[PDB]
Amino acid sequence: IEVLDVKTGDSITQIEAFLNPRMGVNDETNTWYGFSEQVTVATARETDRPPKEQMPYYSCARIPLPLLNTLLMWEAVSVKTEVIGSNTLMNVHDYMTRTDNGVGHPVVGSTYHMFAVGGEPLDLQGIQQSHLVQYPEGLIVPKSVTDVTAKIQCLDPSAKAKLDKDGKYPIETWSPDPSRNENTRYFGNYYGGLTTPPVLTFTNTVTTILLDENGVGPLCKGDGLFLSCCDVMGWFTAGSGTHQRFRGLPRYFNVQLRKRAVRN
Amino acid sequence: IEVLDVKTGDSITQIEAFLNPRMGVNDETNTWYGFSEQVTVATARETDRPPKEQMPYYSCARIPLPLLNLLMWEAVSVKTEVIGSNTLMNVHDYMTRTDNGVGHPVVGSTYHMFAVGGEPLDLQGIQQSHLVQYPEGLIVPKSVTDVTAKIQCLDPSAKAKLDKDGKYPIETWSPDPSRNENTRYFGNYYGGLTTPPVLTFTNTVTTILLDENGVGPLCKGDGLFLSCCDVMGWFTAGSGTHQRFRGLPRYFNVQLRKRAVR
Amino acid sequence: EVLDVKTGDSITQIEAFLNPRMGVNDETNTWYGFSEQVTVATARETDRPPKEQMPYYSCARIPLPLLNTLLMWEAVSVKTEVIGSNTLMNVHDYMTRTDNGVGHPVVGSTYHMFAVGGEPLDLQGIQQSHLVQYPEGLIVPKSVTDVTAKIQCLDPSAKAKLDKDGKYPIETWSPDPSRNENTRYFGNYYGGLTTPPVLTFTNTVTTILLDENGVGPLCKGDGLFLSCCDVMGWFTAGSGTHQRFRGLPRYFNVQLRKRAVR
Amino acid sequence: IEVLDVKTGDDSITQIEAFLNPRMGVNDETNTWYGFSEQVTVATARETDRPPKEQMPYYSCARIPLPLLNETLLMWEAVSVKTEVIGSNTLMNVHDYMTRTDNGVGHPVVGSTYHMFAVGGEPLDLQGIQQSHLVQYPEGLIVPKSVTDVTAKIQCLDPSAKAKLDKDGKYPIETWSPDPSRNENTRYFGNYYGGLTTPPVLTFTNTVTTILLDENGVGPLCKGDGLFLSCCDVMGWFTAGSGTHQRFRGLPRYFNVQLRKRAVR
Amino acid sequence: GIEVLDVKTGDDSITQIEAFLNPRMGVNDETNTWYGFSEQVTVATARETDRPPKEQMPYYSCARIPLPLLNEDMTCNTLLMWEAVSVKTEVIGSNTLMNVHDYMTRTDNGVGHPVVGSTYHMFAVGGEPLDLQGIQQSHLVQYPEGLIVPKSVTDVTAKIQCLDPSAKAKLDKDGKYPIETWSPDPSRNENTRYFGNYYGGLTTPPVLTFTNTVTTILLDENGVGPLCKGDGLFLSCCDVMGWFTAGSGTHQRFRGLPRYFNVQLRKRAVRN
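Protein chains in written order, with full-length UniProt numbering: chain E, 30 to 38, 40 to 99, 106 to 300; chain U, 30 to 38, 40 to 99, 107 to 299; chain G, 31 to 38, 40 to 99, 106 to 299; chain A, 30 to 100, 106 to 299; chain R, 29 to 300.
Among the clues, some could well be false.
What the hints assert, rightly or not - DSS-like mimics (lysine-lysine), calculated; alpha carbons at most 27 Å apart, straight line:
| id | chain 1 | residue 1 | chain 2 | residue 2 |
| --- | --- | --- | --- | --- |
| 1 | U | 257 | E | 116 |
| 2 | G | 116 | R | 257 |
| 3 | A | 116 | E | 257 |
| 4 | R | 198 | A | 196 |
| 5 | G | 116 | R | 198 |
| 6 | U | 116 | G | 257 |
| 7 | G | 116 | G | 204 |
| 8 | G | 82 | G | 116 |
Said to hold, decoys possible - Restraint-style ranges between C-beta atoms, simulated for each label pair:
| id | chain 1 | residue 1 | chain 2 | residue 2 | range |
| --- | --- | --- | --- | --- | --- |
| 9 | A | 231 | R | 40 | 52 to 58 Å |
| 10 | A | 231 | U | 181 | 25 to 31 Å |
| 11 | R | 249 | E | 96 | 42 to 48 Å |
| 12 | R | 93 | G | 275 | 41 to 47 Å |
| 13 | G | 231 | R | 76 | 26 to 32 Å |
| 14 | A | 231 | R | 29 | 53 to 59 Å |
| 15 | A | 46 | R | 100 | 54 to 60 Å |
| 16 | R | 137 | A | 76 | 17 to 23 Å |
| 17 | R | 93 | A | 170 | 35 to 41 Å |
| 18 | R | 231 | E | 185 | 38 to 44 Å |
| 19 | R | 259 | A | 42 | 44 to 50 Å |
| 20 | U | 74 | E | 58 | 22 to 28 Å |
| 21 | U | 91 | E | 278 | 43 to 49 Å |
| 22 | E | 34 | R | 249 | 43 to 49 Å |
If you're looking for bench data, these hints aren't it; they were derived computationally from the structure. Cβ coordinates follow ideal geometry from the N, Cα and C atoms, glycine included.
Using the sequences and the hints, build the whole thing.
Listed below in structure tokens is the structure:
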């Protein structure tokens, strides 16, 4: 594709969306929405059979764009994105673990943040901590696309997929593919540990540039804008025991798009 | 509004203000002002009934501005400071102690945010638990919409404006990134039970309030809207293991300029 | 009313070390550079700390060279260094020990601040507890105003100037961001009971003191006002579990230039 | 070489992509513990320290042959690289057969981390250095003993302990450092964070370019039309629920190197 | 003071000087089986009986590198000095701390406990020895014979626990100036650039970055680097990574790592 000049003047639009987290309890009518079910630990490598509701997933949405049609395409220039609800973790009166008469123990542990903006679905590369996990039916996992062997514990280049279903691609089996995603920008960070404190910043003043080194943003070839994210804040522990749940937060996107002339 | 040129020459004014923390003991005559009451923890998810004095709140105020009329005061920049980190170096108070060591200082989860705008801060409701029973006299998501499990994620019906000091609990309200066109907000959160608090302080740092088009917040009705919350963690008195939130005050020095608008 | 800088003669460097005032403020005392052992109150109403158990601000007024529309010395920039982090690598002293391991080094809360100005640092009073009974011979909020629960937040009547070395406790006084027009201050705080101390040192970093208009602090009466505090945490001697504040000295090298004024 | 001007236009730029798999000790892709070490055993004495090859992490390396460009000569010059450590998301699996506290989650991978990558026009130069001069390294590895007499000097800088990274999965990280006194024609980057239970930290993106040009605007020159990639990415230790024995866990690294044709004398 | 004139240009106006400085952690003898470590640290039974053996404390490393001779004709109204423009410096051997199979402390069947605790990194490049300011945690320590400590240069009193401006020395001997008694002096070192960082704690994880792509500029605010007096380049460092604990007990040893320097120098004219 030949990328020609930007249009000027009617030539800009803003697309906003909130994506809700898909932490395992993905049903908005369930009392534990925004969390996983209680995590259970395998008795052996060969008996590792996690239920769908115990794992966190990627969130994704395709936003329809105004129709345009040289050819014109919407070009994503920049995004303001925000993870909403760190303030909710300041609740330490809920039914939580307690030391003596101290406050309820807040959400802590491993965190995983990523967002992406693109003109087509996010490209995913499969990879697993254990090749022996028996994933439940009704997900997309590396077994969905290739023969799973010990190679999946490193880089098996046959384990390719696209993020095309909200709440069904587990984060534990799928990474953004750095060998593809020519038409997507993705950003993420991971911080491990069992009891690590979570960290978040929030503002409406920070713009993420989506232009590549040539000044070109993602091009929305199909009249669709693709938003993807995951925002795991750590584990919650209810006062009913020592079982833990993943806790995730929603993410806002406000994407600025401009009309770009193109030729095949 | 079509924004026109800035004025030059009496064209600039500074607004100086502070907001005291609203940590639950919000009465300046109470011996525990600047703290919450002792935090109690629910016996069940269905019996979670926190008293108003045990939770921290947003602070807010509207500063009246010189009447201009059109002209609007435009907020260009702010110097803001959280005052009092020095006070946490008191380890001789009636505090928990290991053997004959110092008093255990304030530690735990921190929540810092400030906002400067030309109208009240837009809030989005969100909660850790949809089953919490909030006390009478507060503004919570239940004040504006039916509260269901959707409130644990993003329920777009849970919209409010920060329009009362010490009444909007931080645990139920986020700054709304989908609104606040006429406000700049900034914040950071760090969790954990015993995490060390961190603060910087200086009079040399200016926060720019101009947007990408070089336009600051425009003060509707000649009012400047300031908002904040500065939770430093929990204090533990030597009388037991019960903990209290501890907050600190925030200073604002806002530079405003006159901006013509259509 | 600030006019043009002079050129050519027209620059001077002023150097000083300020020794820490950690409570043992007497350079002939064997515990100089430390506090006395910290005792913890038995009750909120019986909190009576001896002067030697609390850290203080350090300060000095450095007389300046002759230079006389008048001229004033304008502070352009400073190189400042906390000296002695290397001393904390001593783990063979009479210290707490785990089995046959090293002596437990200084850890805990840190408070660093420095200021350079043309008049004394303006201080705002604020306290963790309004009920502390401060000893005689200090300057505390009680020295300037009625102490009430308001002092746990911002009581704007609690104003003072840092005009005595080793007498203004850090636990009752913050640099005042509503004043200090003619001073630049910088500080950071990191809490916790056993947090590791962190320090950088170099002779290659210059702190600029010029404001947004290119004007540095102007030295009234030809005096340069330096202020600091550098608490590194607590030391624990092998004689028990009682702890002492440990502080380090700070070096300043301020570049001044001659400035014409009305 | 006298370095002359860059070439311009159609065909003057090429991109080389590769994934390098980690060599954590279990280096066989058919083994059920691929991407991990074998269970780490600790010496009973300084003089009985005999680690099996499968219990130690290694440098990964590959030489990628480049397009034909000659018939002044031209060399491919590495300008920049996008590199990514893949798979931090896999550490969010806390349901596997792992240690747990009461009914809490499986204890995830934690501990010491070692990240390094290098891009060059010849093999990475290595400097030998060891925690203990008394370790008895197993047959089939390349260690300082391979190139010099090992003495207590190896616990500091013994300048006789020089080697080139010329074999994947055979140079243990615990005996070899990138040599800052050589590597004129390679750029290397790394970070280390120690501790027994330290949380691992990783960022990932496709928007960050690492510039490989030196102070004179010259990148690594592929003197033999080969691009040399090297790395190690230790994430910490994994603990299986079968015991308290630990395994190193590593992750693969992606490289996408931009090269341009450079005239040389 | 040296009156600085123009930089020279062209062939042979530039040279690069490289060196490795080995750490001096207490076991300073390269033939000793614990080279690069301290002897096992012992803790005083009282403030008045604090008598540390010289092998139990880390020291500053230093070297003077000879430079090409510049000034054979001392009648000239202008002379030349080597000016240090920049340095690439690297602490080598963080990878060695990934050895957790050595004879080390262990929890159950877990890995050997690696080096952790307080870190102290510093390096300096100058045209004369690094200026040192004495300062101590305790004025009562009895230092062993054959070291240079504040007592070597002044009367040691409680003042030494803060800033005693009489405690001045120059870093002129490798492995003899303990880090616990000497700081780089910010009131001198006009002709040296120094850089350091300290992180405390008993079990803090050590942190290190390494690369060959980072240049440290040595030019001052006037564009002038250190000027090499007597055609000597002075390098100084210390790189304590924490404490090692052998499986023979709970006694701990300091562990240090070597540092590389590659200094770019240029000829600078000065008034004679």
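Going down the list of hints, with the structure as the test:
A hinted pair counts as satisfied when its Cα atoms are at most 27 Å apart, and residue 257 of chain U with residue 116 of chain E qualifies at roughly 25 Å. In summary, the hint linking residue 116 of chain G to residue 257 of chain R is supported, as the alpha carbons are separated by about 25 Å, within the 27 Å threshold. About 25 Å separates the Cα atoms of residue 116 of chain A and residue 257 of chain E, which keeps this hinted pair within 27 Å; it holds. For the suggested pair residue 198 of chain R and residue 196 of chain A, the alpha carbons sit about 35 Å apart, so the restraint of at most 27 Å is broken.
At most 27 Å may separate the alpha-carbon atoms for a hinted pair to count; residue 116 of chain G and residue 198 of chain R meet this at roughly 21 Å. Proximity of residue 116 of chain U to residue 257 of chain G is assessed by CA-CA distance (about 25 Å); at most 27 Å being required, the pair is judged to hold. A C-alpha spacing of about 26 Å is found between residue 116 of chain G and residue 204 of chain G, which places the hinted pair at or below 27 Å, so the restraint holds. At roughly 32 Å between alpha-carbon atoms, residue 82 of chain G and residue 116 of chain G are farther apart than 27 Å, so this suggested pair is violated.
Here the CB-CB span from residue 231 of chain A to residue 40 of chain R is close to 55 Å, well matched to the stated 52 to 58 Å. Between residue 231 of chain A and residue 181 of chain U the beta carbons are some 45 Å apart, a value that contradicts the proposed interval 25 to 31 Å. Between residue 249 of chain R and residue 96 of chain E the C-beta distance comes to about 55 Å, which lies outside the given range of 42 to 48 Å. Distance hint check: the CB atoms of residue 93 of chain R and residue 275 of chain G are about 44 Å apart, consistent with the given range 41 to 47 Å.
Distance hint check for residue 231 of chain G and residue 76 of chain R: the Cβ-Cβ separation is about 28 Å, which falls inside the suggested range of 26 to 32 Å. Between residue 231 of chain A and residue 29 of chain R the beta carbons are some 54 Å apart, a value that agrees with the proposed interval 53 to 59 Å. Between residue 46 of chain A and residue 100 of chain R the Cβ separation comes to about 57 Å, which falls inside the hinted range of 54 to 60 Å. At about 21 Å, the CB distance of residue 137 of chain R to residue 76 of chain A agrees with the hint of 17 to 23 Å.
Distance hint check for residue 93 of chain R and residue 170 of chain A: the Cβ-Cβ separation is about 37 Å, which falls inside the suggested range of 35 to 41 Å. Checked against the given bound of 38 to 44 Å, the beta carbons of residue 231 of chain R and residue 185 of chain E, roughly 40 Å apart, stay inside it. For the hinted restraint 44 to 50 Å between residue 259 of chain R and residue 42 of chain A, the CB-CB distance of approximately 47 Å keeps it satisfied. A hinted range of 22 to 28 Å holds for the C-beta pair residue 74 of chain U and residue 58 of chain E, which are about 23 Å apart.
For the pair residue 91 of chain U and residue 278 of chain E, the beta carbons lie near 44 Å from each other, so the given range of 43 to 49 Å is met. The given range of 43 to 49 Å is respected by residue 34 of chain E and residue 249 of chain R, whose C-beta atoms sit roughly 45 Å from each other.
In this structure, the earlier hints numbered 4, 8, 10, 11 are contradicted, and the remaining ones agree with it.
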